[PDB]
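2 protein chains.
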Amino acid sequence: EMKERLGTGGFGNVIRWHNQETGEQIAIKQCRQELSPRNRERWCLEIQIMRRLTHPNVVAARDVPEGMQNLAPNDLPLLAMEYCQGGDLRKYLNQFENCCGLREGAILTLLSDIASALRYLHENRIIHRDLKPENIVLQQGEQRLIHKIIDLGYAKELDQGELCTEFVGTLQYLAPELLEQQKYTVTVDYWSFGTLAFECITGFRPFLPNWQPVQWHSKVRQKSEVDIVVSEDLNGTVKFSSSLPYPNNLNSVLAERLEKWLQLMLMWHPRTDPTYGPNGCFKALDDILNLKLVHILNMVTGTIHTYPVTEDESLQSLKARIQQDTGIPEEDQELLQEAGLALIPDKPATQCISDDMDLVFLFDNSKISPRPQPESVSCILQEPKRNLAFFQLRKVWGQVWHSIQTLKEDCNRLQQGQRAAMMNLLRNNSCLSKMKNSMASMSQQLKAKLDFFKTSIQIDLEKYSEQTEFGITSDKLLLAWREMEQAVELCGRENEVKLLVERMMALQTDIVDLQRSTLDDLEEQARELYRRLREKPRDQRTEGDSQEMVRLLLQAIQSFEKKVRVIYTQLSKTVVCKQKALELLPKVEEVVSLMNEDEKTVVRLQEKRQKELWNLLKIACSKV
Amino acid sequence: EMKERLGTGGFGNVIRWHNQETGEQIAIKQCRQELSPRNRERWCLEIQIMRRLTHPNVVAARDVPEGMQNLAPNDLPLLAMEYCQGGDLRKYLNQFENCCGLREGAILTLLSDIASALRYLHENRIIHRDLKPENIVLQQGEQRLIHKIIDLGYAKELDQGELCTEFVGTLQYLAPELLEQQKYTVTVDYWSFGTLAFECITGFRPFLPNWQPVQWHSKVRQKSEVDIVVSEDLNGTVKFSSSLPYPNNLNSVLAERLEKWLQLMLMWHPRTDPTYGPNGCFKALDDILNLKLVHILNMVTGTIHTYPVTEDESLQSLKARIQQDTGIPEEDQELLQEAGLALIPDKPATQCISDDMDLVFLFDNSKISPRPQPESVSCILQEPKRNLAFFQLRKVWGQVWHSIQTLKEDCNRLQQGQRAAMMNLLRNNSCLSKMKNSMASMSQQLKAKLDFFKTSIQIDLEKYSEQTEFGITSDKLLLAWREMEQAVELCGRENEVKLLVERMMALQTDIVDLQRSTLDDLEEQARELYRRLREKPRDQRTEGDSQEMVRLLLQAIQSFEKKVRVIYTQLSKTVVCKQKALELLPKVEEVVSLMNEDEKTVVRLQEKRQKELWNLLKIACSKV
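Heads up: the protein sequence lines correspond to chains F and A, in order.
Throughout the first sequence, residue numbering follows the deposited numbering, covering 16 to 286, 290 to 373, 383 to 394, 401 to 550, 559 to 665 in sequence.
Throughout the second sequence, residue numbering follows the deposited numbering, covering 16 to 286, 290 to 373, 383 to 394, 401 to 550, 559 to 665 in sequence.
Hints are not guaranteed to be accurate.
No distinction is drawn between identical chains; accordingly, a pair holds when it is met within one copy or between any pair of copies.
[Stated by the list, open to error] Straight-line C-alpha distance at most 16 Å; calculated EDC-like pairs for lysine to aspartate or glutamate:
no.	residue 1	residue 2
1	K659	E495
2	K652	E502
3	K652	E499
4	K659	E499
5	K428	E576
None of these hints come from the bench; they were simulated from the model.
One chain only, chain F, in its complex shape:
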């Protein structure tokens, strides 16, 4: 057996063991080298802790190998535990595509997981203190992944003592008040968990670069109360803000939302959700996580627009909410779902999620071709310069293709906009139109039937013509009995509707004749530079430049405004057809209706032209 180490370091040394046969992957943590009696007595505590209270997101202690117990460099016990393959969070964070601070809801997994983990220990009288991504493995699971935690050498039992007294590795984390200061409560973890997530989101903690033991404890401790971001734009201009940075698209609402949490759950004793005042972690992050939010795309222009709904927010409520932001009355509000299908009114807003997807929305008009893309600092604060950095461009360059991949990403959003927009036109057409249209063809049948009337009454008209002698001596109600034949014959409108359908039939197919008809390249091309820089040797912290990278981001926009114009050109054209049908659906609605009136009720009540014989046959009988 023996291989690597799950989360090596800590107090001793964890090693992956493979019990010859079976197939089980175990992990034992043998002490580095027997130290003082207090340290050994301390370790016996650590192993004692693992043995009890365990749950996911936190490795579960296993039982020492049946006989592999003997083999012990130290006559001291051995800490056995499960083996979690895959993980080493850093390996993830260090990914080249996750650079610049990720940019997906995958941060929720980390939060919801590491939360259920800390919450567990805390309520069990334990403090990990050292919560660095180096001991957070992403073991596989059912669907997504499980954020399990390894080695707990660095621990604090709220009923006796501690364990790890040194610092095996970096300490970029670990709450300040824990930095060899006086006592420390459970709040020490809240800080680690904060900066840890602060990195999973943004892509690095506040003042992360500038050493740690240096003026760090002097600067980071200085000002910036209830703040967060503390880096340095442009040159060495040391600054500190109080809001999640820019290079990261976690979510419109979520951003400015948990921003306050990662701002709160980031300190000493007072941090501890404000809503109550005691502790953050627990309830704090919980409410945010399991919150139901939807996504609306203002196809009018200003893309994106997330709205946090309830477990049953009536759709009627939402339509009004959106109108409040990006105008557009509840009337001309067309909401399609990346498939053209229109939403359901009877069903509550809660439906445009169901365990990325959103709800592409549009309005009524005939189209403008903008695409406002705010450019975060750092890079925008580099356009005037082009003076080239020395190495910082490792991230600077980074947040560029991530800015281009944002244009490619954002383009596909408005693309999914018309893709869903015109999709709707095909529905209210080949259905509640093409069908109605083709059915109105029965008109040729209705007018044709009317002609039989000139063979059942007209042919029967010649019966009173040659019946003659004693009865037509009046000719009273017989006058217009022939003047009405030259009347009903001069009124049909059957051919008329025929010229419309034959010409309209062209549009019916003209529209379906569509569903047919680089920035994508630039995004990939640019990526080549980072993959070549972050992988390049370690002797190039000089040279410095960005002239090429900038020339790419430039061509990205030069090609973005290009595709955008085309998309809105194809969209504005599909709207012309939607209006050319939505208004010309009634043009064939009235014409077909003018038949069940000008024809039906007209020639139907015309039974008098066949009833005026109902008196002639009794008025000419009451004679003699």
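Fit chain A to the supplied structure of chain F, relying on the hints for placement.
Okay, now just chain A, sitting in the frame of chain F:
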């Protein structure tokens, strides 16, 4: 005016003259150089002959240029004659396409022409003797071409001695018995004409190829009783075949037909077979040429199937004949003519050759795709070993692309099969179907009319309900006046023809749901090699290989069986629709017909229910 030479050589030298103006193209034949008195006296004969007895297929002597009767220091006359532009048969036979022998009926032209030419001279007491394709021009004409003959300086008046004894020329042709042997009759031409056609067909000019005129008379006269082809397969193993080469590609029956003629009309004195006529030439070839034959394509599989008909072979006769060969009873015999149109039964045999142009035939079933396929020897006798042909590959390689061009050619035959097959479906559809179909729409009119009955009788039914009026005088013709309402109401297919169209509408789209119909490239790609070899510098046409050419012919079939399967896949599918309509037609043919009877004529003669008032208005008047 001096130019080239029609058929230069012979006795003197023919030259193309262009009388300055006018535009006429004349041809004069000035003697090489005044020879002995006998030769000159001989030449004066040749020029004397041309001046008389002339007809097409044989240059006609013209009158010496009105002016310039000089440009030659000879006490001897000048032979003037017409100029036939284009021709030099060899130029044709030497075509890279006509290689491997003329694989088309274009051989008939040559035969029927050169025949009418020789037959002419022979009956006029002349023998050309030297009938090499070098003096046979293909002058243009009305439709096809005229195989005219030039220079006769080697002819022989059967009355005024020979013309000019002299070997010269490749000599190859010219009957053996004429090869400086003793006397010679008119049979000497029969041989020339034979080998001449033997070349136009096979392309090899069989009966010993390039063999030396000396080591010929020995290996030629050898056995080969009534034989023809004489070459050497693989190595140098010479053979004597009695049936022309398989790669003739001219016609199924014609091949093995005139094969015996070209076998007969190919020898010396006795052979030339009055076995049915005067001699070969005359009657022989005549009967063959003027024979009427048809072409049937057994779409079942075994393509091709020509049948020699008479001047009036009743079609009933042929159908039985074909059944005898490729089974398929006279019942399930569908014969279409590259247009889907079915043949005419009352019309005889000629019905097919409306003077390629064949008669694509099929049978009844539902498919799976096999197919017969020869390959001829030589090449097939080379697959077991395709390495180092020293030179022979000049023709071997040849009859390969001619084999691939045969696959490309054959493919387009079956392609013209479905191209004509489905062509027929479109006819018996958008016509004797789509028309019948749309007309059955009147059903909605017929059932709709029936509703008037519940306004002319149902509204008149409420008259006897509150009867306080005068709508009866004897209840005589009033009895069935209500029994007919429950009658006309129980006859109105509003659901019959409707169920057919709705279901049929599926087939209407089921057929159009098709329309999805390499080798073309291969044929051309291969050609590149011949064009590169037959043109390869006079010192590199040797070498030895074929490994590449074979790899091509292989990919040809590998791609042939590919397209074939697809074609039969598209065909077998169209047959499914034809049967899905042919059987689902009459069922909608009668139902729609039961309307123009149960509805039209029924409710139309129902004018009596509107005419019984024609007497009530005169029977109640003859009382006053």
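Item to complete: Classify it for me, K652 with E502: is the Cα-Cα distance of at most 16 Å met within a copy, between copies, both or neither?
Response: Between copies only: 14 Å across chains, 20 Å inside a chain, cut-off 16 Å.
Discussion item. I want to check one pair: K652 and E499. Are their C-alpha atoms no more than 16 Å apart within a copy, between two copies, both, or neither?
Written reply: between (18 Å within a copy, 13 Å between copies)
Worksheet item: When no copy is named, should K428 and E576 be tagged within, between, both, or neither for a Cα gap of at most 16 Å?
Response: within (13 Å within a copy, 63 Å between copies)
Worksheet entry | Alpha-carbon proximity context of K659 and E499, limit 16 Å | For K659 and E499, only the inter-copy Cα distance (11 Å) is at most 16 Å; the intra-copy one is 19 Å.
Worksheet item: Given a CA cutoff of 16 Å, do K659 and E495 count as a within-copy pair, a between-copy pair, both, or neither?
Response: between (20 Å within a copy, 15 Å between copies)
Of the numbered hints given earlier, the model fails none.
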